[PDB]
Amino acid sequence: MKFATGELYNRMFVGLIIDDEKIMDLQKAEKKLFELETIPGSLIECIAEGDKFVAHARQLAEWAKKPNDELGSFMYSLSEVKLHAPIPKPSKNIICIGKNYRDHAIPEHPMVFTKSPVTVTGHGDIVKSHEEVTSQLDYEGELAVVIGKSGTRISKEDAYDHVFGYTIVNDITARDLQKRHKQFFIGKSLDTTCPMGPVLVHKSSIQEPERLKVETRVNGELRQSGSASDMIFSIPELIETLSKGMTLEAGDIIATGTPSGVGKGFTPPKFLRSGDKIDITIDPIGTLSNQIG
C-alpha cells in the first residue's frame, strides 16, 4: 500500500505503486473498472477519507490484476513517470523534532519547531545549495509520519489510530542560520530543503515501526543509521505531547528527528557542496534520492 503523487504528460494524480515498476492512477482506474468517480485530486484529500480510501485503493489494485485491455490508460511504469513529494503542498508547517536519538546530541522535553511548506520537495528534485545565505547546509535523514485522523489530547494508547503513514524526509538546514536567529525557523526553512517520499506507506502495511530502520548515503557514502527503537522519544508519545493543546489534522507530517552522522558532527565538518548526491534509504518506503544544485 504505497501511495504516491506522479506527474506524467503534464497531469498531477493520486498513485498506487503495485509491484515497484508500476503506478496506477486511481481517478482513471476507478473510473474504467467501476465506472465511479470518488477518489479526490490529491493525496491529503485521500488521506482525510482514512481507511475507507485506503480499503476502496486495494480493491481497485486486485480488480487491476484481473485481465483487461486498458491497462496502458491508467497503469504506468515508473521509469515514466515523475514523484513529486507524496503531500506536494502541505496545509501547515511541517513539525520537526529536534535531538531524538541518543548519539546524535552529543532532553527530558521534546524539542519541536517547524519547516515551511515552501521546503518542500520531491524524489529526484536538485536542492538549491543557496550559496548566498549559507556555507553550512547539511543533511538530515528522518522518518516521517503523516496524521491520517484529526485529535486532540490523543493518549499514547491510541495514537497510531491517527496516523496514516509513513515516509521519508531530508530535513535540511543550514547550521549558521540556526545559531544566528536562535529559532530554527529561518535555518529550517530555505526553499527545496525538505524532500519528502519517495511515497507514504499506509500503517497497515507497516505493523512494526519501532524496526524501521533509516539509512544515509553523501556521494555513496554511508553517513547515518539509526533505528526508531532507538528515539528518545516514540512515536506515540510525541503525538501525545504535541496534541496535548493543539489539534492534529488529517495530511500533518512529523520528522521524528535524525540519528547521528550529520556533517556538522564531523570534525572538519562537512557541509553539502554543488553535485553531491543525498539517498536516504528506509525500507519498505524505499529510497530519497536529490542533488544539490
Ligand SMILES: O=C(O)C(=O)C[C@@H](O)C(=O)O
Given for the second form:
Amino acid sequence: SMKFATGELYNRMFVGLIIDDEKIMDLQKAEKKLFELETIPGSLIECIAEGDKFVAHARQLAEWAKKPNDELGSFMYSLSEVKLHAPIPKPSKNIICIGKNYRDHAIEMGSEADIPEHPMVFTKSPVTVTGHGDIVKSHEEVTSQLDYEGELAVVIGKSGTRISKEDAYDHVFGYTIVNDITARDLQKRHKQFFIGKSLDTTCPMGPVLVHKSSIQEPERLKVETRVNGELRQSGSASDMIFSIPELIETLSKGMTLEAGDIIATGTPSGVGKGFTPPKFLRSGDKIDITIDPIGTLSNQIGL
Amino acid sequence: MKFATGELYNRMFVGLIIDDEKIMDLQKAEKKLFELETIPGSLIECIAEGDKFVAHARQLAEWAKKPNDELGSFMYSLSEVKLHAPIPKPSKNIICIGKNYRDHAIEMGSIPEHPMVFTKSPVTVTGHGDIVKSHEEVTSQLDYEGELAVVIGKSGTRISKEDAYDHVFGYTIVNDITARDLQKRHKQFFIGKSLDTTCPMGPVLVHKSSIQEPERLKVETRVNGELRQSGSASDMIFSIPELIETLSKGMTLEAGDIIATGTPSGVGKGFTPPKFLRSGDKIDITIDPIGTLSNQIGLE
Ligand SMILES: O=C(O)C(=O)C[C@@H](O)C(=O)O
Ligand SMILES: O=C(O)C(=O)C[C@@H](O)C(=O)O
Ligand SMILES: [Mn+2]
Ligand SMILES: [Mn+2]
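With the form deposited without the named molecule already on screen, would you show the form solved in complex with the named molecule?
Starting with the chain above, the whole complex follows.
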C-alpha cells in the first residue's frame, strides 16, 4: 500500500512514505542515500504532478530500504516521533465540497425533496486546512453551531477538462479523509455556504494520502465518525448519490481540474444538526474519522 | 502607483505603469539602478512584502526619470507588452459578493441584511484582451458582471471596520462572468461561477494611495459598445470595510486575496428577453482611474 504523508520532525517538513504503519520514510533523504539522486520535489503536491513515475520511484525506494544498510536512521523515522500535517498543507485552490451526496444526510437536514438531481458544489478556503492531531478552533465568539462531517476526499492527479465518466479514475491520484467542519448558523445566514465552511482550522485532512493503485475498489470504502468515542456516522461510498466518476465528469465539464485539487465527496447521516436536541461541538470534543485503509483522522476542539 | 503583470520575450514580470504609456520592469530596473536583486517574480509575492515594496517601487520610478543610457533594458512601451491579470494565479479562490447593489438584487427577483459570499476558482482568471471561452456545449446563459475588486495587502483576522483599509493593498476590475443556468442547476454558485477563463481581471492594480476615496468609484459596463451597467460604489449595501470585517470574523484574510464587491444592475439576465453572451461579443468595463478591462467571447 502506497501511503504518502507530509511530516515534520525537528523542524524539517518532508514528503514521506508510510512503511508498515509504524515508520515513515523521508523520501528525499532516502533517494540521496540509496540511489545517490536528488529528484524528489519538496512538497507532495509537486510529487502528485509527476504521476505514476513518482509513485513507482517511491515504491522502488521502499524496496531498497528493506535491504541491509547501516544508515536507515538518517531517513526512516518512527511515526510516534513525527507530526503529520495535512498531506497537502497548502492546496492551490479551495477544497471542492459536495453537499447532500448521501440520501439519509439530505433527509436528516430537511426532507426527501431536498435530494438533489444535480450535485450541489461549494468550497472551503485553504486557510481551513489542518492535520491529524491538530486542535480545531471552537470559534465560540462567531458560532455556537459548529458541526462535524466525516468524508472521503479524492485528490486529482492528471489535469484535465471535459473528462468522461469512463476516464475519471485515470485523473485520480488518491484518497484521504476530510472533516468538513461547518458553522450551521453561518451557513443559513449567508445563504451560500462559503463563509460557514471556511472558518480557520475547520478542514482537518489526512492522516495520509493513499494512492489509487492501493485502492482499486473505492466504492467499497466505508466512512465512520466517532465523537467522544460514540459512533455518529457510518456510510458506504457505494451509497453516494453521485459517484466519484460522475462528480469528476460534472465538475470538469467547463473547468480544468488540476493536479492536487481535493474533492470532498459528502458526509453520511449522523451529523450533530440531525439529532433532536441538535448535538453541536464544544471545547474538548474529540472527533475520530476512520476510512480503512487510509486510517484514522483525529482532532480535538480547542479551549 | 499602477502595478501590472506583463509579458515580454516570453517572460512574465512585475511592472509599474509610467505615464499610462510605458511600463517599468521592476526587477530589471532594480538591477540597473542598484545592482541588487530583491524584487520577487510575482505581484502576489510583492504584495506580501507590504509597504517596503511600494516605497521601493516609488524610488525606482523616480530614478528612472534621470537620463540614463539603457532605459530600454527596463522601460517598455505598453503597446509592446502583453498584460496578464495583475495576479494571474491567486493563491485561493476569488471571494465574490452577491447582491450588493439594490437594483441588481431587484432585477434578479426579490435585499440581504447579511452578505452572500461565494467563490470563483483561480482557473477562471484571465487578463485584459484575452478571449473568454463561450462554453457553448455547457451553457447558453453566459452573462457579464462588471465589478470593483479589492486586493488585500496585509494579512489579518478579526479585522475591525475602522482598520479595514489598513489591510487593503489596492483596487482592480473584475468581470464576474456567470453561467446563469448552472447557477440554478447546482444551487450553490461555485460551478456556474468557475468555468475556465470567466474572471477577466485588470488591466492594472492601483495602490490604495492613489485612491483614498473608493466610495466615489464608478463602474460602467458596455457590451458591443452599448452601455449596460452604471453603478456607484457608494450605493453598495455593504461597504468595503464592512465586507472585510464580516469576512475576517472567523477567517484569516491573506496578502493577495481578491474580493469582488458585486455588480450593479444591467446584467443580461435582467432584461425581458434576457440578453446572454454569444461568440464575438465584446465587453468593456471601466472604472477610473483603474482604466478599462476589455474581453471578447471566443469562437464555438
Ligand atoms: O453533505 C455535505 O457533506 C455538506 O457539506 C452539505 C451540508 O453542509 C448540508 O447543508 O446538508
Ligand atoms: O452580484 C453579483 O456580483 C453576483 O455575482 C451574484 C449574482 O450572480 C446572483 O445571481 O445573485
Ligand atoms: Mn460536507
Ligand atoms: Mn458577482
